[PDB]
Amino acid sequence: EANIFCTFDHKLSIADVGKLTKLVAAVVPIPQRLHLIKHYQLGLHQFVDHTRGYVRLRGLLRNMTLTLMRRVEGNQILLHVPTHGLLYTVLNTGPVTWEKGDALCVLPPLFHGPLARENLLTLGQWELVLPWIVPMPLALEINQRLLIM
Amino acid sequence: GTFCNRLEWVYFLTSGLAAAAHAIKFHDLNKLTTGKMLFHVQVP
Amino acid sequence: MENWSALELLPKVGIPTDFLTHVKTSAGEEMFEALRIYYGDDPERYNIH
Amino acid sequence: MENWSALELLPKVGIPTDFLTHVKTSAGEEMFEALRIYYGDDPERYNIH
Amino acid sequence: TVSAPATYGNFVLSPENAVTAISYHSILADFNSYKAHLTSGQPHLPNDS
Amino acid sequence: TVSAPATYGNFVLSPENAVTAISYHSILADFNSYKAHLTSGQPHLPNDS
Amino acid sequence: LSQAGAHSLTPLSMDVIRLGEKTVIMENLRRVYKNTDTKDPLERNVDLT
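Protein chains in written order, with the entry's author numbering: chain A, 5 to 153; chain B, 55 to 98; chain C, 1 to 49; chain D, 1 to 49; chain E, 295 to 343; chain F, 295 to 343; chain G, 344 to 392.
Just to be clear, a hint being listed does not mean it is correct.
To be verified - In silico contact screen, one side only, chain E against chain B (beta carbon under 7 Å); selected entries:
1. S297
2. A298
3. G303
4. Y328
Unchecked claim - List of simulated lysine-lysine pairs, DSSO-like, C-alpha gap at most 27 Å:
5. A:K26 <-> C:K24
6. A:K42 <-> A:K23
7. B:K90 <-> B:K79
8. E:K329 <-> B:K90
9. B:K79 <-> A:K15
10. C:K24 <-> C:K12
11. A:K15 <-> A:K26
12. D:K24 <-> G:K365
13. B:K79 <-> F:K329
14. E:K329 <-> C:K24
15. A:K23 <-> C:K12
16. A:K26 <-> A:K42
17. B:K79 <-> E:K329
18. C:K24 <-> F:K329
19. C:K12 <-> A:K26
20. B:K85 <-> A:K104
21. B:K85 <-> A:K42
22. B:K90 <-> A:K23
23. G:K377 <-> D:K12
24. B:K85 <-> E:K329
25. A:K42 <-> B:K90
26. C:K24 <-> A:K104
27. B:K79 <-> A:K104
28. C:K24 <-> B:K85
29. F:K329 <-> E:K329
30. B:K79 <-> A:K26
31. B:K90 <-> A:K104
32. A:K42 <-> A:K15
33. A:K26 <-> A:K104
If you are wondering where the hints come from, they were derived from the structure by calculation, not from laboratory data.
Note that the Cβ used here is the ideal one computed from N, Cα and C, for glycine as well.
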């Protein structure tokens, strides 16, 4: 129902669990809203496709469910969907400043320009890509700008 | 009628399947990531 | 990478740390080589592998 | 990527081994992972950092 | 009727195991036996953990 | 007339440090005091290594 | 030749079979070619035409 258990087909070393343990209270997208889920559909890596359309990723992401990352313990993830209304905490890696008063939206991430391409999780070919959490005026600005485009 | 009172219990070590096992109780699996055993062998 | 859980958990040595500038002024102006600042109560020290 | 110096240097408990097939076949066909199959004697276990 | 192990294998970490666990994120079981056999020079343990 | 140290202060490796040196490629200075102060629950060492 | 050597004797266990008052030691040589490199010469490749 609420607490959603994910797994891993591959083992995590100390480096992998170390970079996972700094991802607590990060929002990840889940497409299914089911309980015993698997890590390949976790995140946007199954849905990311360059030269396919940013607006497609945008529509599927705003159609996707959202959940919060807390308490890995070794081959376990414990995703927890946030309930509607109650206060939660978030931790964003998207290089955009925030504000105590504004609102947020969730957008597929852009490249900032340094081009790091390392979101601190990779399992073989599979990688983790995190959706950018963007303050509301920048969100409607990029929406209207792609609409003018 | 009466309750289903005829329930019984089973243990691990009473079963012979523990002959395939080496049961070890250790209270920190949640703080454990992997468990490795590494073997060295010279050949004749 | 330096595991700051090892600093947050091991018993340390009591020192009257005295330097002339402010702590944050020495921090953000990068007098040192590696920092680790959390403004709340970071629970990253509590999980051990 | 395991510390093979820690295998060769530390005291090791002896066993009567039993591989089902020949052990070099098991190494060349990957029954396990991270198989250090150096021939002769590699002195790289000696230097300690 | 055969014999059977009456209880589980109660296995616990040493204090220096805990210090290595918090420091370098690793556990080497029966640390004192490793240290004593290393200082003595006997390269074969009686048993493992 | 000032009182200076007559010789260099010697630093010695503990036998517990040797296993961390071989296995984990690291040295924690004065390992046994860290282990004892961790086991006793005392949070501050009375002196530095 | 029989005068030369073969002084003392020691007992050891093996297995024998009796065939027409002739006792003959049965033997297998798996332990000499267990994890070795050379092929066992009792394993043979015969060829018909």
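Status of the hints after comparison with the structure:
1. With a cut of 7 Å, the hint placing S297 (chain E) at the interface with chain B is violated, because the nearest CB-to-CB distance is about 11 Å.
2. The beta carbon of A298 (chain E) is positioned within 7 Å of a beta carbon in chain B (closest approach about 6 Å), and the interface hint is therefore held.
3. At a threshold of 7 Å, the smallest CB-CB gap from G303 (chain E) to chain B is about 3 Å, leaving the interface hint in force.
4. Violation of the interface hint for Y328 (chain E) is found here, the shortest Cβ-Cβ separation to chain B being roughly 14 Å, above the 7 Å cut-off.
5. Annotation: proposed proximity of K26 (chain A) to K24 (chain C) holds, straight-line Cα distance about 23 Å (limit 27 Å).
6. For the hint pairing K42 (chain A) with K23 (chain A), the CA-to-CA distance comes to about 19 Å; that is within 27 Å, so the pair holds.
7. At most 27 Å may separate the alpha-carbon atoms for a hinted pair to count; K90 (chain B) and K79 (chain B) meet this at roughly 17 Å.
8. Distance hint between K329 (chain E) and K90 (chain B) is fulfilled; the C-alpha atoms sit about 20 Å from each other, no more than 27 Å.
9. Pair hint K79 (chain B) plus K15 (chain A) holds up; C-alpha atoms about 23 Å apart against a cutoff of 27 Å.
10. In summary, the hint linking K24 (chain C) to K12 (chain C) is supported, as the alpha carbons are separated by about 22 Å, within the 27 Å threshold.
11. Restraint check for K15 (chain A) and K26 (chain A): the C-alpha separation of about 18 Å stays at or below 27 Å, so the hint holds.
12. A hinted pair counts as satisfied when its Cα atoms are at most 27 Å apart, and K24 (chain D) with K365 (chain G) does not qualify at roughly 41 Å.
13. Note on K79 (chain B) and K329 (chain F): the hinted pairing holds, with a Cα-Cα distance of about 24 Å set against a maximum of 27 Å.
14. Simply put, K329 (chain E) and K24 (chain C) have alpha-carbon atoms about 44 Å apart, too far for the 27 Å limit, and the pair is violated.
15. Distance restraint check for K23 (chain A) and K12 (chain C): the Cα-Cα separation of roughly 26 Å lies within the 27 Å cut-off, and the hinted pair is therefore satisfied.
16. At roughly 21 Å between alpha-carbon atoms, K26 (chain A) and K42 (chain A) fall within 27 Å of each other, so this suggested pair holds.
17. Proposed proximity of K79 (chain B) and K329 (chain E) is supported: the alpha carbons are some 25 Å apart, at most 27 Å.
18. As the CA atoms of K24 (chain C) and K329 (chain F) are separated by approximately 33 Å, the hinted pair breaks the 27 Å bound.
19. A threshold of 27 Å between alpha carbons decides the hint, and for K12 (chain C) with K26 (chain A) the separation of about 24 Å falls inside it, so the pair holds.
20. A hinted pair counts as satisfied when its Cα atoms are at most 27 Å apart, and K85 (chain B) with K104 (chain A) does not qualify at roughly 36 Å.
21. With a CA separation close to 22 Å, the supplied pair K85 (chain B) and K42 (chain A) stays within the 27 Å bound.
22. For the suggested pair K90 (chain B) and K23 (chain A), the alpha carbons sit about 21 Å apart, so the restraint of at most 27 Å is met.
23. With a CA separation close to 22 Å, the supplied pair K377 (chain G) and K12 (chain D) stays within the 27 Å bound.
24. Proposed proximity of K85 (chain B) and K329 (chain E) is supported: the alpha carbons are some 24 Å apart, at most 27 Å.
25. Under the criterion of a C-alpha separation no larger than 27 Å, the hint pairing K42 (chain A) with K90 (chain B) is consistent with the structure, at around 25 Å.
26. For the proposed pair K24 (chain C) and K104 (chain A), the alpha carbon gap of about 22 Å is at most 27 Å, so the pair holds.
27. Between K79 (chain B) and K104 (chain A) the alpha-carbon distance is near 49 Å, which puts this suggested pair outside the 27 Å criterion.
28. Proximity of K24 (chain C) to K85 (chain B) is assessed by CA-CA distance (about 34 Å); at most 27 Å being required, the pair is judged violated.
29. For the hint linking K329 (chain F) to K329 (chain E), the alpha-carbon distance of about 15 Å falls within 27 Å, and the restraint holds.
30. Between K79 (chain B) and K26 (chain A), the direct Cα distance comes to roughly 30 Å. Violation of the 27 Å bound is thereby established for this hinted pair.
31. For the hint linking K90 (chain B) to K104 (chain A), the alpha-carbon distance of about 47 Å lies beyond 27 Å, and the restraint is violated.
32. Annotation: proposed proximity of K42 (chain A) to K15 (chain A) holds, straight-line Cα distance about 14 Å (limit 27 Å).
33. Note on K26 (chain A) and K104 (chain A): the hinted pairing holds, with a Cα-Cα distance of about 23 Å set against a maximum of 27 Å.
Of the numbered hints given earlier, the model fails hints 1, 4, 12, 14, 18, 20, 27, 28, 30, 31; all others are met.
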